[PDB]
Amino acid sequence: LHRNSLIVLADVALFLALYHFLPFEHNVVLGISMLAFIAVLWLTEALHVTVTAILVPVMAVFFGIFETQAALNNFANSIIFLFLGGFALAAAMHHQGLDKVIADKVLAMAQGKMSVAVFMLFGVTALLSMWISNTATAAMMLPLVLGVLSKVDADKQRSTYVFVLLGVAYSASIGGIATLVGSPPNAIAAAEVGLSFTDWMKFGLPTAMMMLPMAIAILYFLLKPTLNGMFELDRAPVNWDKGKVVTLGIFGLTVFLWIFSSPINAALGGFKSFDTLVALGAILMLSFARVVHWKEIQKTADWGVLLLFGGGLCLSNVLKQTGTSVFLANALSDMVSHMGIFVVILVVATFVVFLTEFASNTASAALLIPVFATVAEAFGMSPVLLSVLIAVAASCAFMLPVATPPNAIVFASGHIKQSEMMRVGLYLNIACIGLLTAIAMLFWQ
């Protein structure tokens, strides 16, 4: 007796209508009907996206596509455990106060001036969300801006809060674009096409360090904050201790292995998923050093996202087995030939941004990469390009906080203006699309 339940029932009706009123082959029609069913559920949020991910194997099995174990085996792909290692590092830092220490040392780097402390905050948020996550990285940095701006006349000068708030909220999202960890869509792209950490970083890091300064510029030239005073916090300086240095060293070692995985993996025997093995080894070393415990890790890690990966992967395998992907590519050849690759990528990224406005970034990614990339497999036209393009565009979200939990946390202070944030996000969306397409045209050809 709820709109969500009505959505599910109408969605079942659409599934049946497609099943019995489509003049295609049995496997392709089945896959298209499943894709529509799951698409509506993920976009409309009638059920939780994790629950829909759990539903994908069940309907896949009951239609005789996969065996139960084969369908469920996509919930233990190596990328899932890679993100698990990322969450473990996050738990270690939040448990040891290392993120607070990093912010305090940065803020000691800036003597007392706001005009650059915010910039170092954005940069630190990028470097930190690169390896961890977005929502976590926003939570601890919000109290900092409140303390810094507690003496700035918060009744007529609120754009300064808005700058030092949205810059962090978007810096985390852009920091997720440089490394596989930090943003679930990037993992999904790597999962479908097959990607190493270093190669994906060569594709992502330039985009991150070029997108982020642009976004900061957009805000600064749109809204005009002061950034001319001085701040003098009253809080005490936290200093180094055992555990903090050890987990810092483990973090550096893990990054070093993830970067030089190809030579190391070649020397050690050439294992298939050395990045994931490094993630698990990081968990083992943290447990060995007793810097964190599994209950912290269990409380911190979002297992719903890890199951949503399984949903996306099972959907991709379903579309691959059923032939829907090649059927779609063959039907879309005429459109992709008439319209150049330039306009093709413009419409794809534009559609992604308008899609995550009224949807979840990760759910939309898990819906989209299996379609276009498998389509791009048949086309030729390296699907790594489209996969990363969609994955990065998913992280670029600048809409009403219901779209994005980071925006929810940062909005929750309760003084930011709805319409102003919409217009700011509009300009940011436009700039991201243009810059992304320029990168793909010039660098990736």
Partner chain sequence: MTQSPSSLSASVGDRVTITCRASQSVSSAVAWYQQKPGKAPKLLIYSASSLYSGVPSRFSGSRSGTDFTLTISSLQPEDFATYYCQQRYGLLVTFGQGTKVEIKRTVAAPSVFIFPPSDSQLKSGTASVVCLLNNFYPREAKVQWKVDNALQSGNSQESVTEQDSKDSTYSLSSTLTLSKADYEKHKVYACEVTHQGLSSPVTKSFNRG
Given for the second form:
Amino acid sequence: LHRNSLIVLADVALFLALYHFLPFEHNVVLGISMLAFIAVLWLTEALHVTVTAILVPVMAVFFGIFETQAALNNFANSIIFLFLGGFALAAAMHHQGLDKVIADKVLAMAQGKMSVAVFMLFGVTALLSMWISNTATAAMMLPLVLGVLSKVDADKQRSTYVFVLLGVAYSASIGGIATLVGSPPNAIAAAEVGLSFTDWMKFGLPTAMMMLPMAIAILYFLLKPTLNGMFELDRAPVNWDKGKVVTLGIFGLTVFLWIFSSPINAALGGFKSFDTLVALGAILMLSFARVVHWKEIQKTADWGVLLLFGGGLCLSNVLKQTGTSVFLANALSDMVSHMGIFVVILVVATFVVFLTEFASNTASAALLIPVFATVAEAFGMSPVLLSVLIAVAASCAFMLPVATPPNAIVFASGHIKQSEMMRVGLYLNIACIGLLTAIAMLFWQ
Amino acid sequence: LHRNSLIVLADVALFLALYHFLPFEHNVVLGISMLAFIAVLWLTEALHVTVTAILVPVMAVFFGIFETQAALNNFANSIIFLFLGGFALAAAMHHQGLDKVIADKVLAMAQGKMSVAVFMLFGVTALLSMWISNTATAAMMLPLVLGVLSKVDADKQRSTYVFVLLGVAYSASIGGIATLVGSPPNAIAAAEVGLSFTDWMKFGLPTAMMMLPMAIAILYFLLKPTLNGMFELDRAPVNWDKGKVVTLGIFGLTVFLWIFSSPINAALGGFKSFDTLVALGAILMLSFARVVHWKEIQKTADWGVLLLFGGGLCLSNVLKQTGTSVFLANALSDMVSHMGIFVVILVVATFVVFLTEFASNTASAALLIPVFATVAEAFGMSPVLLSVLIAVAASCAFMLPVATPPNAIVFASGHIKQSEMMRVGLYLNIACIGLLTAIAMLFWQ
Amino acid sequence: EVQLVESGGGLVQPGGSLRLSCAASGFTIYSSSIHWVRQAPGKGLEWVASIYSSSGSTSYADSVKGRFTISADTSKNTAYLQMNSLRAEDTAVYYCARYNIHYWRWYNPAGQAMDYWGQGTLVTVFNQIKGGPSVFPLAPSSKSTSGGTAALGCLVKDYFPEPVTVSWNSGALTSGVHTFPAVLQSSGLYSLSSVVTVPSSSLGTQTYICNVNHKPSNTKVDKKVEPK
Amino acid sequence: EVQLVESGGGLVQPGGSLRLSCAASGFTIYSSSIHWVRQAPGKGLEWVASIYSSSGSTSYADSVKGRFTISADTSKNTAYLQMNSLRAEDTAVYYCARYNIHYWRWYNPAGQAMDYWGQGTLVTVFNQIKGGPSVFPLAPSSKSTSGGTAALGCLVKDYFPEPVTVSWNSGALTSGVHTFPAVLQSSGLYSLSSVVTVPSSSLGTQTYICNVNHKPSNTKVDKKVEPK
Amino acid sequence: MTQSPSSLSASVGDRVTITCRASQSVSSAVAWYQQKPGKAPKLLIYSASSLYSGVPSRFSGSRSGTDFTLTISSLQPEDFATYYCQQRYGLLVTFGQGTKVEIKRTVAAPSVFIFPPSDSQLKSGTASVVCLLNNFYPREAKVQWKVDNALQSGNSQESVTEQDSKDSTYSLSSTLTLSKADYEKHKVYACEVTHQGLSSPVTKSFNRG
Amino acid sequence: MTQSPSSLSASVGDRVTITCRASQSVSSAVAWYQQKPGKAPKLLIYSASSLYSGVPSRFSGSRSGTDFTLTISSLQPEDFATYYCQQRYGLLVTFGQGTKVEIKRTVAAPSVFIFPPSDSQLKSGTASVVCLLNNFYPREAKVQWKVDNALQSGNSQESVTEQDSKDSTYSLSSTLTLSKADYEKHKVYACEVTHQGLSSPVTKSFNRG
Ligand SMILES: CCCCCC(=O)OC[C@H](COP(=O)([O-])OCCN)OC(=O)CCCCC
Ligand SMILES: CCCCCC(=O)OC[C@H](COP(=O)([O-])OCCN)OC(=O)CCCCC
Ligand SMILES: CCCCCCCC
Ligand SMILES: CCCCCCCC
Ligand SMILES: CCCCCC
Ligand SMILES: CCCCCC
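So that was the form deposited without its partner chain. Now I'd like the form solved in complex with its partner chain, please.
So here's everything in the complex, that chain up top.
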């Protein structure tokens, strides 16, 4: 009846037709059919992305690939709890009004000049999107932007609004690239290839600092704003109070343990996922310090994402067990033999960068990182590189409305068109493809 | 500074003093100290019960008992997902207005007589608390009760209000005893001793049907109400609509798979936790049928409980590994040798029944079920019996305000005193001790 | 895969001391209870001691408290039973079993009750030696069953440790033979009987001779049953 | 714990057929790739074939496509390499290794690259037999190094399969001996040399004789090096 | 704990039951063991009734309070062994007094003989008078060592075989161990034997030379 | 894939390096193997540089693009073996052409001798003229089988030992396999030998009888 319902039923027909008409070994065809089914469900978002995550195990058990608990244990990978600690910290420095005070304390340094305050906004947004979230910080910042731009006109010099808002949302989606926490695809990659915090920052932070100024430049040049002006913000200013400095101490200590986590771990006894134990310790420090209450951490966190991590991991483990990934790798051996590596990562980056515009970031990553990480384990390639690339590119959703929520938050206001976003995001996605390809080809060496 | 903070710091001092001054084997003393720490934290509720659950693994890794993931995998036991499916069904038949319509369709059968409508309310409340929750259904029903009792006086014949409301809350806390879903302690027990749905209903449903009429009787006799009257309910009546019958079909089918889960499983291929796969299938049927959207399932479910299950399971696994449970069993061998079984379950039931009045049900269960299940595995006793008994008695929180939320929901209104609840709950807790002891001593044979 | 091998069992004197070891494989002592079970000489099973090493919690039987001591060092796998003040009423075949308790909820080769014992270490509390298995013919009464069968035997007298083998005419007569189990005499010296059934007529055409094989003292004797 | 045992390797004729088996223990073929690696006769390592059974995905080398065929039945553990149309340039020592790929994220004895190979099955594509290791003395030139050392040897001519042992004077001279590796003649018959270094003066006081031990045809010959 | 019955006479194909009373009504840890002579016990049932992996379905268990119980539906020829109940309570165990199931047959007529001591007994200073009971049914033969209407308690030893494999009967070789002059100062020697197959206790007396 | 250098002359305690060029810039699956003569290869490094459990720390690896590389810091006497690189690409593997590290020493003076064929060669119809090179340094001796200023290509076989264990030198036993009349119709027989230790190629000629 409904559209998505027809999508699902066509998906089931496709899966049955594959399962029956694909002449292979049973496990190859089973994994192929599950992959097609899950993919069509994770791109079209017929069923909530997390419902499909849940459905992955149910089809990994009902066909004998796994024992129930061996599948359900995918939903407890230490990266899930690292992201839960990230959500706890976000809730602490939101409920306790830390992010807002940070923003106001930055803007005030730009005494009254918008020309520097907008770049302050971009820096702040990409400095908070690391930890807090991509949607939440964009929603928090849009009011600040409008307060910055209540002076200027909305129809005459509208390019200024487009610049400010797009830069904000772009900066959120980018700053999400700078920490495991910050965007789910980071964690999907890390869990699929076993990465730490500071063993992922090495790929994230340089990329974010090399891609954010790029995007700001391309906005400033495709759009010719009138950023000269004065700055009148109307809200009761904020100030440091006990409970915020405590939260800052806890947050800084947690980040410190996260960064220097190998030297500390070795000096403690060598535990496997010490960043996750740092995250849990952050939860406990916060709760024992009373800055946050678990009700906030449960109202804020997105447990759908935390079930998605497990669903994608189970799909990875399915493509592993069934040897589907190896079947493909053997099927694509000649093409990838002729194609080097530069072309491989170029194709991957192009595909995901122009995909996540139409699909979601988290779902697209959960779908592809398993596929390509396994197919790369088969080929010998390092799954770390491809997983990181697909987690960094899936964030690049700069082209149109809901591809990331931030774009849609901005394009709720109505001061930006669609065509301008399409053009800007096209140029930006090309440049980001170039940048990802270059910094990857570097990290290879 | 704060009270709970002093509780925690005294707890840490106690744990250190044990760890250092208890001369035993290192693992015995470690498990003893962790048990004391966790207990003081789960009774006093200094830290949110779930924060302590999270803290259990962190102290099971930082002292070498377990590898990080071997601990975190406790938070993925199939019972957790069974309860997640229960929460999904609750959200479906709440968002879709199924519970409310059920209630209104029952009350209408009692044309206009309160004398039968109050017992209809008790039956309905214990019929919904099986699936939905204990707090939520009491909150939903309190307005219905007041609508029943808007005719009668609140100060002259107040015993009627006390009867109606206490029976409602008692019925919620009881009906929670009739299904794995319905109350967490059910699941804590099941996970700790590996129980199915219909292999726990055998202990739950008869107990609930033998304890609910008991409680209603003791209320009707300790209080001499004036239940004679007429019935005027003022709200736009409800009726069946598509989306509710679909939800009923899904719910009935899910319950059917849950009950006949062994015959079906054998006829499907024999999978380990087929009730949990039924739960997940219920989520998928609902989402593909569009009666609920995962946003509801995430706003409704109490993931704190789902982390608590894992925390309690990890505590059980700690008391297992360290052999602490066996150390105790050997230490208590003589006393339990003299004491039979009747006395053992009598003491256990008395202790928990009079404990959960002061502490919480879920925390008390999570604390004791591990302890006593392991100590019973040591003694040879069946952990099934003791775990079920502590999960059925912890629900018996009939004595005073917050011991279960329902009591406090009722005693928010102000038409019932405290002393009346204390007296009624004392008599009821004694009678429930008797009943639990009898039906246990039966299930033993 | 899983197995327990028991060692350290052998000869002892009263007021003495021995020490049995029970080396394990296929599981970890850390996650199970070890159980030391002396059966008896020619009687039923008797339990002796137990240990759970994760805690160091040991339980001895009421009959062996200030006389035994169980122990266990993990990191290879073991469960030692040090026997002290061994009495005459302690000679037996000690077995070493494993009992899993907790079911562990994740995975283990753990079994659940004494599934995997071993083979047995025989300890023989001992007083006196220099008993070679003396041999002692038994004469069928001259008035033996007429037209029927008459059984005759050779008695093995005053011998020490098991085993002693008594075969008649070097395997020539394995029909109607009966080699009774050994009995412990009041003086600590074992002594059994070995008998054969035969017709009363064919007695004179053959010589019936029993080979007393005894390795400990390396004895081989053969007695000629010659009725007068 | 883990090991791979390779069997089925032996004598063959050209245009023939053989079938090697590689039975595994300590892991599951289902979760790893099996790799068949013929080294060479007296050369370096060469890769031949591979299989991943979970998918049935096989990869042969460019040199063996319509000639080999790999296979594997799980449920005990195996990886069969059926060799067909064996050529003269295929005699070698086939090894069978395991390569784990995916790291599995939970647990496995899986290794990661060819950690655990085996011992080797030698296959010798073969043309003609009835070569017993003929023996052939080498005379030190009558003008041998004056006041120095002169080496002399016995040549093992026209023999078949390895090994052939050549010790001089039944172990009396293990100093200055050199038993060269066998070389394959143009006719398919092996032939090596075995030489000894000795002073030119002590040559006449001893007879130098080499024992040609050959089990296949059960030969033992001893040639007397007698310079004229 | 205490296990009954002591001895069971059961023919093949029969259904047999064993009871074990605990006297500690806390531990449902009762397990049942099958031991063949001299070999290590083999587990059948572990908690009270739930079967073990590698055991036939005819071995069932039950609890029924503290009266734990074992049931063998079809008694096969390989199920003739000694059966024990163990009860774990904490860390300490205790088995049952022992149950023995034996393949039954008709009454047999004990071939009872009496022997004197060989002359080489009469140099070391002892006499071993052998009273044999061959090919007789289950166990009950109190060999009354009767002389001059004088019984000698304590110095009467008894040794029996297990159940034979061809006729499933027992053979008994008692022994009166006596001193030197004690053998010389008495002439008559008889062993009276009581059995279900002998309506009259038969005594095989004899004189020295 | 292609592995260099072919042969390495390295003395104990030295640091040695090996290079392996892939030509398929996709797979970082390169692993390094240590083989002793006749024995099964022993793994050292698996992906490109990360060490294996049971291997010394002196075996390090590197990628540097497609120029994978192996490094042995302190060359110990037990590290003298044959080293191979394998590159997995999908399911198919390919090893390197082979690298051999040999413990080096000073130039040795090849003790070069020439032998005739024994008279029992001269009945079956063949002659095996043996040109021996004993106790000489590493490998380079192209034994020119020179007669009457006539070379016979193809019919010149060569067999060398491995590196000796007492003096770490090589010994070579070439062989001219010739026909019967071919042996009879020539009188002179010499093998010219070239080495770093001989400034002049020495020929050991001889005549039959
Ligand atoms: C994404 C929508 C899927 C559309 C259907 C599809 O992909 O076609 C089937 C393929 C492979 O099966 P085949 O067509 O090669 O069999 C043909 C042989 N006759 O399945 C896959 O490989 C899907 C992998 C997608 C992961 C991104
Ligand atoms: C619940 C509050 C705990 C109060 C402290 C406490 O229980 O005392 C320590 C005990 C046992 O240690 P011990 O006192 O026997 O050492 C004395 C020996 N000298 O620890 C336990 O057994 C705690 C178990 C509680 C589980 C419900
Ligand atoms: C506030 C985040 C700081 C991150 C610093 C990272 C430098 C390696
Ligand atoms: C609506 C719940 C029905 C439960 C029936 C249980 C009967 C065994
Ligand atoms: C065509 C893309 C192949 C992917 C290589 C991992
Ligand atoms: C005193 C209570 C002991 C608990 C038995 C499990």
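We call the rigid core the largest set of C-alpha positions that still match within 1.5 Å between the two forms. Numbering follows the first chain given and starts at 1.
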Of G269, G112, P237, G249, which one's CA moves 2 Å or more between the two forms, core aligned?
-> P237
Hey, core superposed, how many Å does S382 shift at the CA between the two forms?
-> 1.5
Once you lay the two forms on top of each other by their rigid core, how far has the C-alpha of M399 moved between the two forms, in Å?
-> 2.8
